[PDB]
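**Student:** Spelled out, the chains give:
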Amino acid sequence: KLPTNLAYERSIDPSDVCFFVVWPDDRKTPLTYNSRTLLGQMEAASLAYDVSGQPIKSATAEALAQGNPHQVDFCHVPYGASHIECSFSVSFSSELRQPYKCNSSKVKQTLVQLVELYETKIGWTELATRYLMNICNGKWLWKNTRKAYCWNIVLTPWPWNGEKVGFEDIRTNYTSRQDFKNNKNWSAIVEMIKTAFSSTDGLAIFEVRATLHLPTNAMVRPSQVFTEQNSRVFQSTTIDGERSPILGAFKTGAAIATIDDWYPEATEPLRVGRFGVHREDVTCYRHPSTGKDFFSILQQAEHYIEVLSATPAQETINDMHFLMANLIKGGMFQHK
Amino acid sequence: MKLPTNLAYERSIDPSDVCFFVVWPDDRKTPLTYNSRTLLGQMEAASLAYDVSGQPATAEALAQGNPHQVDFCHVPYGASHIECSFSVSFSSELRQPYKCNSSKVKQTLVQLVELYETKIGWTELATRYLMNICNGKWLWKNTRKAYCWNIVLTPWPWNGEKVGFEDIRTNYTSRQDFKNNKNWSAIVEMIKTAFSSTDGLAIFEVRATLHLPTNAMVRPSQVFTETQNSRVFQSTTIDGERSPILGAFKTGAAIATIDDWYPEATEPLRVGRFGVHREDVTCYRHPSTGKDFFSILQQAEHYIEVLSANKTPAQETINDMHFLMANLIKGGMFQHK
Amino acid sequence: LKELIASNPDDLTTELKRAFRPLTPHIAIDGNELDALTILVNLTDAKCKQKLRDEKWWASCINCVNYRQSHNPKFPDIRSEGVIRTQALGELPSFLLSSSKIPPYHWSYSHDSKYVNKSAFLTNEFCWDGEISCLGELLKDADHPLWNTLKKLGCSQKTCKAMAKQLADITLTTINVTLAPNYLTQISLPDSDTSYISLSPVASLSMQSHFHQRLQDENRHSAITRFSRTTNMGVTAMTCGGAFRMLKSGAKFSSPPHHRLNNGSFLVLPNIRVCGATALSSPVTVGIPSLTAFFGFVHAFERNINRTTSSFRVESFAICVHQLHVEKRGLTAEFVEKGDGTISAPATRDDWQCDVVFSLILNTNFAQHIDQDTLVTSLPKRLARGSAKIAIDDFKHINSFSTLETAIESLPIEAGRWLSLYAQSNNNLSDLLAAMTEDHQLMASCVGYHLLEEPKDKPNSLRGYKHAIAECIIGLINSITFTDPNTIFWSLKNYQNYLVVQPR
Numbered sequence: 067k068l069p070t071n072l073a074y075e076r077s078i079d080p081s082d083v084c085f086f087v088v089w090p091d092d093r094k095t096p097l098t099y100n101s102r103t104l105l106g107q108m109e110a111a112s113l114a115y116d117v118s119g120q121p122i123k124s125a126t127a128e129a130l131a132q133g134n135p136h137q138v139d140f141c142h143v144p145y146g147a148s149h150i151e152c153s154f155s156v157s158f159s160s161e162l163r164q165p166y167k168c169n170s171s172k173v174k175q176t177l178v179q180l181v182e183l184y185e186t187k188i189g190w191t192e193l194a195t196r197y198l199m200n201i202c203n204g205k206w207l208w209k210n211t212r213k214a215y216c217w218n219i220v221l222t223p224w225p226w227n228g229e230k231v232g233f234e235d236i237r238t239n240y241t242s243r244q245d246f247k248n249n250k251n252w253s254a255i256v257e258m259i260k261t262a263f264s265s266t267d268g269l270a271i272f273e274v275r276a277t278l279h280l281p282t283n284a285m286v287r288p289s290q291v292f293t294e295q296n297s298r299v300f301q302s303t304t305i306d307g308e309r310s311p312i313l314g315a316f317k318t319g320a321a322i323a324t325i326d327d328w329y330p331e332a333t334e335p336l337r338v339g340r341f342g343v344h345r346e347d348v349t350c351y352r353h354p355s356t357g358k359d360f361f362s363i364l365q366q367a368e369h370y371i372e373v374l375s376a377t378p379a380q381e382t383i384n385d386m387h388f389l390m391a392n393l394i395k396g397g398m399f400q401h402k
Numbered sequence: 029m030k031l032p033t034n035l036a037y038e039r040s041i042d043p044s045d046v047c048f049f050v051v052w053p054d055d056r057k058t059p060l061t062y063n064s065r066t067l068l069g070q071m072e073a074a075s076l077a078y079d080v081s082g083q084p085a086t087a088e089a090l091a092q093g094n095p096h097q098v099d100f101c102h103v104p105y106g107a108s109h110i111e112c113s114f115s116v117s118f119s120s121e122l123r124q125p126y127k128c129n130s131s132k133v134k135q136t137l138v139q140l141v142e143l144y145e146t147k148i149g150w151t152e153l154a155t156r157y158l159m160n161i162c163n164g165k166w167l168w169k170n171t172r173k174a175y176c177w178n179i180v181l182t183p184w185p186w187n188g189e190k191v192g193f194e195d196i197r198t199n200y201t202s203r204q205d206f207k208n209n210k211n212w213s214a215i216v217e218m219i220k221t222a223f224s225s226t227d228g229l230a231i232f233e234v235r236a237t238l239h240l241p242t243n244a245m246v247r248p249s250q251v252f253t254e255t256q257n258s259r260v261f262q263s264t265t266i267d268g269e270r271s272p273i274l275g276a277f278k279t280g281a282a283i284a285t286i287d288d289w290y291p292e293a294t295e296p297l298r299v300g301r302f303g304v305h306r307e308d309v310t311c312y313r314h315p316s317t318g319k320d321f322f323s324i325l326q327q328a329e330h331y332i333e334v335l336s337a338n339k340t341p342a343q344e345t346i347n348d349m350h351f352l353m354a355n356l357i358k359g360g361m362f363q364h365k
Numbered sequence: 005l006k007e008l009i010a011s012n013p014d015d016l017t018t019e020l021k022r023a024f025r026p027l028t029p030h031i032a033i034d035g036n037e038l039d040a041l042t043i044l045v046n047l048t049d050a051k052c053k054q055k056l057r058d059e060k061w062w063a064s065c066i067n068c069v070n071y072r073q074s075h076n077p078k079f080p081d082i083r084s085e086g087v088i089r090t091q092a093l094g095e096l097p098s099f100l101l102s103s104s105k106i107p108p109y110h111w112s113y114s115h116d117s118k119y120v121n122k123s124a125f126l127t128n129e130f131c132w133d134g135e136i137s138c139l140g141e142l143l144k145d146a147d148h149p150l151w152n153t154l155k156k157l158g159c160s161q162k163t164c165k166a167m168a169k170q171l172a173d174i175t176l177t178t179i180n181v182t183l184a185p186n187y188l189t190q191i192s193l194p195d196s197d198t199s200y201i202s203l204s205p206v207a208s209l210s211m212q213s214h215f216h217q218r219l220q221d222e223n224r225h226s227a228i229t230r231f232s233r234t235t236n237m238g239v240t241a242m243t244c245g246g247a248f249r250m251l252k253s254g255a256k257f258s259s260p261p262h263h264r265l266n267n268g269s270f271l272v273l274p275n276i277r278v279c280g281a282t283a284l285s286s287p288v289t290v291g292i293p294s295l296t297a298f299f300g301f302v303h304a305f306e307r308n309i310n311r312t313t314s315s316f317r318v319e320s321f322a323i324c325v326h327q328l329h330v331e332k333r334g335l336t337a338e339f340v341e342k343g344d345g346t347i348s349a350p351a352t353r354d355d356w357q358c359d360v361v362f363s364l365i366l367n368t369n370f371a372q373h374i375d376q377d378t379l380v381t382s383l384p385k386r387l388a389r390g391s392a393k394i395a396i397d398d399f400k401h402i403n404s405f406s407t408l409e410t411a412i413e414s415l416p417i418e419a420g421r422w423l424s425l426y427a428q429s430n431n432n433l434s435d436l437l438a439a440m441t442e443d444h445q446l447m448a449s450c451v452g453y454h455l456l457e458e459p460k461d462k463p464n465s466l467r468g469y470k471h472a473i474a475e476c477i478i479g480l481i482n483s484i485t486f487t488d489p490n491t492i493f494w495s496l497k498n499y500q501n502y503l504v505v506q507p508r
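Protein chains in written order, with the working numbering: chain A, 67 to 402; chain B, 29 to 365; chain C, 5 to 508.
All clues stand as given, with none of them false.
Here are the simulated BS3-like pairs of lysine-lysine, each with C-alpha atoms no more than 27 Å apart in a straight line:
1. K162(C) x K55(C)
2. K169(B) x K260(A)
3. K358(B) x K220(B)
4. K342(C) x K278(B)
5. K358(A) x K172(A)
6. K172(A) x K395(A)
7. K165(B) x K332(C)
8. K460(C) x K127(B)
9. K400(C) x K190(B)
10. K173(B) x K205(A)
11. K365(B) x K462(C)
12. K118(C) x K365(B)
13. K220(B) x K127(B)
14. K57(B) x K165(B)
15. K385(C) x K165(B)
16. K470(C) x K365(B)
17. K470(C) x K132(B)
Quick list of simulated restraints, FRET-style, between CB atoms:
18. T356(A) x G93(B): 14 to 24 Å
19. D195(B) x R309(A): 33 to 43 Å
20. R317(C) x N209(B): 39 to 49 Å
21. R309(A) x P95(B): 18 to 28 Å
22. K385(C) x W89(A): 53 to 63 Å
23. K210(B) x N403(C): 28 to 38 Å
24. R76(A) x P13(C): 52 to 62 Å
25. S429(C) x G93(B): 57 to 67 Å
26. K342(C) x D327(A): 50 to 60 Å
27. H373(C) x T237(B): 35 to 45 Å
28. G82(B) x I371(A): 22 to 32 Å
29. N209(B) x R233(C): 45 to 55 Å
30. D245(A) x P95(B): 31 to 41 Å
These are calculated hints, taken from the structure and not from any lab test. Cβ coordinates follow ideal geometry from the N, Cα and C atoms, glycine included.
So that you can see chain A by itself, here it is in the shape it has in the complex:
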């Protein structure tokens, strides 16, 4: 139980996204951006009201009508383009089977036996379906597919004997979970994610592109930097000697690892983690005063081993989905 040196490494490795404009010639140019300074009103609540109460005497009626300047990095689709194309790649590996560092060899065989029992009594179908439904519907295009006409996704898997896989008109056709399962090769690309997790040194690699038909001069929203002045600075790259915005490397990984809806109130999915952090609501679920954090489940592994060796789906199956989806991304579990 927490043997003072324990670590895993990730089993799903995504990459940067890249943006290209296509013209009606069908030639492809890298999307660019540029800074601009702009003029806003004094719309705070702190230059006018004090802390806790009565408004200031220094904020008069012609100090609130002054206007302050700011800089933003601005990016849009050029006039005369046809659509945007976005490309990246994912790589499902088999690194969850054994811990990467384990000081005491007593919990190591416990974790190996737990992963094998979970593999053999429950499928790999639920986790692989929940991961693959986020790649081929544009969850990784965070708030770009909102306010758009349509967007279409094309897959190139490895290893593969055949054709590229095509999802088209995703807002209209692919609304539910059944709408994937009646694609003609849904159940042929889940199986390779399954045998990627199942084998000792298995591997699967997907290469993904997607086209976005945004309207005229529409706005494109890439990821941003952690700056400790300029507000809204973008994360950039260099494609064909240019400067282009990316939309993330870790942000893409956070986009396909939001499958957690096994928590107590259980309304809408969230990012798999230790203590169940929600980002809109700035509280957390899964708190260590509810017995549902990852460490209170990791300290019950022998109870799970003996219950998987004879299972009803009330919370035990959900707690071990949570444990396995937290070993697919996992890191240090040391406590110094």
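Fit chains B and C to the given chain A structure using the hints.
**Tutor:** Here is chains B and C on its own, set in the frame of chain A:
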């Protein structure tokens, strides 16, 4: 038997850095760069929420993220593949002591190496050292999650071609796969002539092509130092850029990862005095088990006379022979204290 | 230098802790010693020790001059088992440096981790009116002033003062390092023509304080090197625990011209690449390696290749540094035994190292080449712990020309910086930092060894040779765009008190 007050051997293999180049589809080579990057992680530690067994940490204090700063390296968009260049030189310094305070252990250990290489050839140690250069174990985790990789090498001294292994995940799985190409035999035998002869030499220059996915990540070696900069890379200055190198004592640990004769012997280990592992850390061949190096070196007086008779047991004596020889190739300072 | 008119900075009590341990000039007292020695007795075991000064007074604080020393064998490897309290023997030319140019008084205590609190009362400095030294030398007579706390503080009785007088009579001559067994760095060099000498370089905390203190203004030349960990190396490491700042160039590499134009026996060697070399060469400088490393490389090369032609006699060498990159990497040791039964890693040290690309042109006495089968297998693979090799598609440019000016257009590398030295008066550090910012591509390498002992002999040497003890020389290294071949072509000379690679 007693080891002298000072005793040390110079090493017999010495490699270099593995410098990375990227190639473009008009066939031009440029060095590979990296950048720092700050990033917003979560409160994920266990000391943040626990103290010994109980909790100190409110539910909105676990939900406030924290910044880190990493280095980050990847394959640039629109490239063909990655080239990796490397050098290694097998020599003959495993037979002369570099420093000794006596004369008996001197003559004893030089006649041990001559009786060894007469009765048991250098074919096992050379075919173990060489197939860590011909499958790319000098690329930790870069070989994983790639489509295919290829190795070519130029030996020296040589007349003829460049020796070439292609598509190593597919068809060069095993020992016989290396053993039945065109010229495995000459490159094994020149390592054998390097070890056997006095003041000989055998050099190899190796370079690999690695065929990664789109914007794949590159994983070089990291620095050793005890504000928020985790994951620093070891770099060099190559023709106007600052590039990642993948080690200089690390690649030597790739080549010398041959130890397979220890009391349970699951996977090969890096050779050393005590049989140290670091992932799933413990030291089998512990020095109380009598199977470290400072016990085999004491039993070397017996091992002199057992290689005067005819039939070695081939299990418990030649494994000690291969282990003592591998540590003599590795290096010295055997000063017992 | 900080007298009683400004003895109170009124921040906190760090002034006494700073002024006790030597990295800085000292404070002067005349009769106000009761402010110090009522804390000093209560440092071990403020107006409390006045009935218990006489305990922990037998021999414990008195014995810590025997362990006090002038030169530190525990740098940077702490298991050394020595004491060295002997300055030097000889004098130098003025452009070189040693621990002889600066006053010997900053000596301290490096023996133990539990007896750190016992180095008081006999290791510090008072600086009454000049000739600043420690307390053990100026307290060997009968008539001595400032004895008010002997006639007044009646807890100190008169029964152990004469033992402190008679115990510290002669201690400036005792040297005892024992090489059987420890972790002592030991080296060999030809001092005479045939009779080699196995000398041993050590570190001076006095030179360490001199090179330490001035650079706090100049953080452009700051190289923080935290060491073993401050428990057992010595209190001189506890004084500046963490920083340990040292000298570096303060600028990266640049773009020169190798040549603007276009004896004999010039043997040409291009494109030597050295990975994993040694950048921390001196105790005080961080940058390019020693020149004795290049000398040892050349001497090992000729002592290889004189199997058949024992007339080879390289006798001189010119060095051309084509590329230099220096950075921090560290070094992982291999879990050696701590002594009883436990296997774990040794202490953690922090390390600077460098990738050096350079070409040599030797000036031998043999008339022609040797071989190309047996030129490459005659060259060593080692240069100041590094791995130093030549690419095997570049063996064609090894040859022996017969004049210098035809050797420069046969190097297919083309960026210069040939190495000479700066032979002007630089007898401190301040006339080095006032000598660097004009071109600031300038280096301060290791130039030689100023000896200490005679030499003499004692058993466990390298190869029966004679073991002297020495220290380093911190001369300056400059560069040449390049024409007279005697401002280049270094050579080793012996002057019976030091060893310096000189350009003939």
